[PDB]
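Note that one protein chain is taken out, while the other chains of the complex remain in position.
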Amino acid sequence: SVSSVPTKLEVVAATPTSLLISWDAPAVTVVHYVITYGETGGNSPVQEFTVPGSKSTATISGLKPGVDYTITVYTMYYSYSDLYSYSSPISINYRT
Amino acid sequence: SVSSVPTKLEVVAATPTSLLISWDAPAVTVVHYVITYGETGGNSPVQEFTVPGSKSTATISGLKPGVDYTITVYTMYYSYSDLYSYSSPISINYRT
Amino acid sequence: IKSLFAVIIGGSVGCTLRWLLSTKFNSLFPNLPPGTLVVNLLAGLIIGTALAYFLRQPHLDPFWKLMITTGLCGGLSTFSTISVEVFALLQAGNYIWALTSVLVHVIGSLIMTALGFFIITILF
Partner (left out) sequence: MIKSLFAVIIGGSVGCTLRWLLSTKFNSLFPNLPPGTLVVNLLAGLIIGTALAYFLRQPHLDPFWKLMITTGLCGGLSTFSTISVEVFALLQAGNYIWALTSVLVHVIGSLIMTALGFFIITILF
């Protein structure tokens, strides 16, 4: 009925070794967002961390200059039917 | 299971034309007590009034001197099964 | 056993209503899901009117009032669903709507109980 996936995931600001990302919250009670990031085309462990449900931006630090990263965001959310479950991800690529 | 009828109904104080009655509350949520009184002799109309559930005494005024009265007390009470219903009465006689 | 059928028939009707209304409307306003609210306001109203009505009709069969109160109102209303909605809001750091949801449910349900009771007592 209602999507629990965030929309308009984008890099709003960048340095050679960090990215500020933002997204629009979905119309459900999000308890927290899970941000994942890793070097595109594999060959590097994907890392993840959470941000609280109220926040809709996040900083990713400690990246390497001139490298393509795959960045994804999903929610851990409350709905009536499923109680707590995890949304599908929304995903972008970005080269530092 | 639990009696909704008051106990130890008694005249605690009296004048020729009034009675102070008291009773012990039953172990249920009493919303109000209904006091009735009338002349024991013959067919004088029985009168009644309510007292709030928190009170366990009542004054009956405007009686006649030297006349036997029948006095009764019942509850309008909340229980789980019956919601609001009326208890059986407890009853005493007293001569002004 | 006759009493058990009252609880089951009433309860199943109430639970079914709560399911339909909640799955229909809860997603419309996630901070205070209105399906869950409406079922509690509605049960508050129904039991308020039952309170007043059954006082005035002392001889009504215990089967019907068991079906309406423990069954219908009991099935229709919910506390566990409020508890989990509020818990989620608390985990989400949304304290304002956690508190508001509790207050709107409690005060709202009591107002509806009062309204049902007093409409029927003012009607008699």
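Letters A, B and C mark the chains in the order given here, with residues in each chain numbered from 1 onward.
Please note the rule applied: a contact is a pair of C-beta atoms (placed from the backbone, for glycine too) under 8 Å apart; a residue touches a chain by one contact, two chains touch by 3 or more.
J.: Could you list which residues of chain B touch the chain missing from the display?
T.: So the residues of chain B touching the missing chain come out as 1-2, 27-32, 52-54, 78-81, 83-84.
J.: Residue by residue, what part of chain C touches the chain that was omitted?
T.: Here the touching residues of chain C are 4, 7-8, 10-12, 14-16, 18-19, 22, 40, 43-44, 46-48, 51, 69-71, 73-84, 86-87, 90, 102, 105-106, 109-110, 112-114, 117.
J.: Hey, which chain A residues sit against the chain that's not shown?
T.: Interface residues of chain A facing the absent chain: 76, 81-86.
Please note the rule applied: only the chains that are shown with their structure count from here on.
J.: Quick one: chain A and chain B, Cα centre-to-centre, how many Å?
T.: 72
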